[PDB]
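Asker: Read off the chains here:
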Amino acid sequence: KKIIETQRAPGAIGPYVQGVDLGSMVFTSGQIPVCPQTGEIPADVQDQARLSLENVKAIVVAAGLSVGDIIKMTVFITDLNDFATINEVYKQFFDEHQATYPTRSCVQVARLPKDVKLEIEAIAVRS
Amino acid sequence: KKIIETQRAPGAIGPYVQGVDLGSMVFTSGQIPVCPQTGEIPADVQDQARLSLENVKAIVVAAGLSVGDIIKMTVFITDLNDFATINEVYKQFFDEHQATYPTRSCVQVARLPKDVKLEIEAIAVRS
Amino acid sequence: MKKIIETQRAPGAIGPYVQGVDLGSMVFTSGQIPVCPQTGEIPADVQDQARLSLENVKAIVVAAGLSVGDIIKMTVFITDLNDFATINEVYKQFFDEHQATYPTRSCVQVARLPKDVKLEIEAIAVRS
Numbered sequence: 002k003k004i005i006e007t008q009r010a011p012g013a014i015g016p017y018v019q020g021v022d023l024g025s026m027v028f029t030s031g032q033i034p035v036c037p038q039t040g041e042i043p044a045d046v047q048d049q050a051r052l053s054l055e056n057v058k059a060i061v062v063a064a065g066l067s068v069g070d071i072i073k074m075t076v077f078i079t080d081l082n083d084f085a086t087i088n089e090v091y092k093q094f095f096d097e098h099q100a101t102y103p104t105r106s107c108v109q110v111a112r113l114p115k116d117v118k119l120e121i122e123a124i125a126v127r128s
Numbered sequence: 002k003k004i005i006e007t008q009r010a011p012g013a014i015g016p017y018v019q020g021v022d023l024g025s026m027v028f029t030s031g032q033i034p035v036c037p038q039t040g041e042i043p044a045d046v047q048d049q050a051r052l053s054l055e056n057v058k059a060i061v062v063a064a065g066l067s068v069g070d071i072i073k074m075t076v077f078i079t080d081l082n083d084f085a086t087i088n089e090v091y092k093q094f095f096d097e098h099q100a101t102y103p104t105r106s107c108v109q110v111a112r113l114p115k116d117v118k119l120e121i122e123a124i125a126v127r128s
Numbered sequence: 001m002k003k004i005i006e007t008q009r010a011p012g013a014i015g016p017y018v019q020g021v022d023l024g025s026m027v028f029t030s031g032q033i034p035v036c037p038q039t040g041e042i043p044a045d046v047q048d049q050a051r052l053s054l055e056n057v058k059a060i061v062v063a064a065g066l067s068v069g070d071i072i073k074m075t076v077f078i079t080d081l082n083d084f085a086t087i088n089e090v091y092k093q094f095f096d097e098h099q100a101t102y103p104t105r106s107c108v109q110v111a112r113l114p115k116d117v118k119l120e121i122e123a124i125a126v127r128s
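Line by line, the protein sequences give chains C, A and B. Okay, so the first sequence: first residue is 2 according to the authors' numbering, each after it adds one. Okay, so the second sequence: first residue is 2 according to the authors' numbering, each after it adds one. Okay, so the third sequence: first residue is 1 according to the authors' numbering, each after it adds one.
Keep in mind the hints are simulated off the structure, nothing from the lab. For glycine and all other residues, C-beta sits at the position ideal for the given N, C-alpha and C. One thing to keep in mind: the hints can contain errors.
With a straight-line Cα cutoff of 20 Å, these simulated SDA-like cross-link-like pairs (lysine to any residue) come out [as the list claims (entries may be wrong)]:
1. 2(B) / 16(A)
2. 115(B) / 16(B)
3. 3(C) / 16(B)
4. 2(A) / 128(C)
5. 115(A) / 85(C)
6. 3(C) / 6(B)
7. 3(A) / 69(C)
8. 2(B) / 127(A)
Covered stretches of chain B, going by a simulated chain A footprint (3 or more residues, C-beta under 8 Å) [claimed, not checked]:
9. 35 to 48
10. 81 to 92
11. 112 to 118
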């Protein structure tokens, strides 16, 4: 039960850790498009989606794993009009790391912390 | 990590796989009431509820497992007034397969992919 | 294992789910709502609701033989983010009082929850 902490993903806005590493598997908190350096949220959904994903990647990479070890995501979104766009960025991101797509749920919620357009949690396995 | 692929469940409409088998645990994507043979979404909530659960079954069977191996489900729905009808179908489903009911979370979201009334993810264990 | 968890210190399952499942290495709970197990009532105030959801989570993990410090992931479904700073405070004090490290978390505002409660919380805990 190792805690994961990285500056490549935003610090906790709250009583949670960024990730926990169980040995066989890794859980991340839900990541929002907040910039780890600047604390800023990008306006466009293309960018928010790239940024949530990088934030997830930082925690998974800080555990010593890679994108291809990601087996499950939930993508929580505020607007299904943004859907094809989120999917393009998210495919590109997996393809970039030559990783097969994880299992996934995608739901439209009412609202997200800081009024972001999306939030992504992940589960990775070691082997 | 072994990807699960079956034609008894709908082909992914985006960058995901229907299931992943970790040896120990199997994760499904969130199953919506899309008909694997036609692409149709049934109109009635009873039929939609029945149909997500058959899609979940289909992926868990393809992994070599069965419905009584499911330990967790998350049921995302668009209307809590549909709950008693969803509960009836879902109870019958597990009862039919002589299955112990899993842990479950049920929440009403704003909207789902393809304007479906529910989306169900499952987690199963091998032994 | 696939052991069902059953406790009277959390509200009983009336419906097609069980309170929790113990798998050996990990415990999963059902989503817990702020329904009081003795009175069957929902407190009106979100701090009370938050505290109670957490109690209800604790009851089931503890019935599994584990403790709060073993909880490794939560998802907090809420109906109003305006309640969030308040829920966070209650949630923090709950972990601090158990001397527990904070789990991983996801928090979203959904449209609605069972019984019009203000939050539902599910938990994943590991044995060691």
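Asker: Out of the numbered hints, which ones does the structure contradict?
Answerer: Hints 1, 3, 6, 9, 10 contradicted; others consistent.
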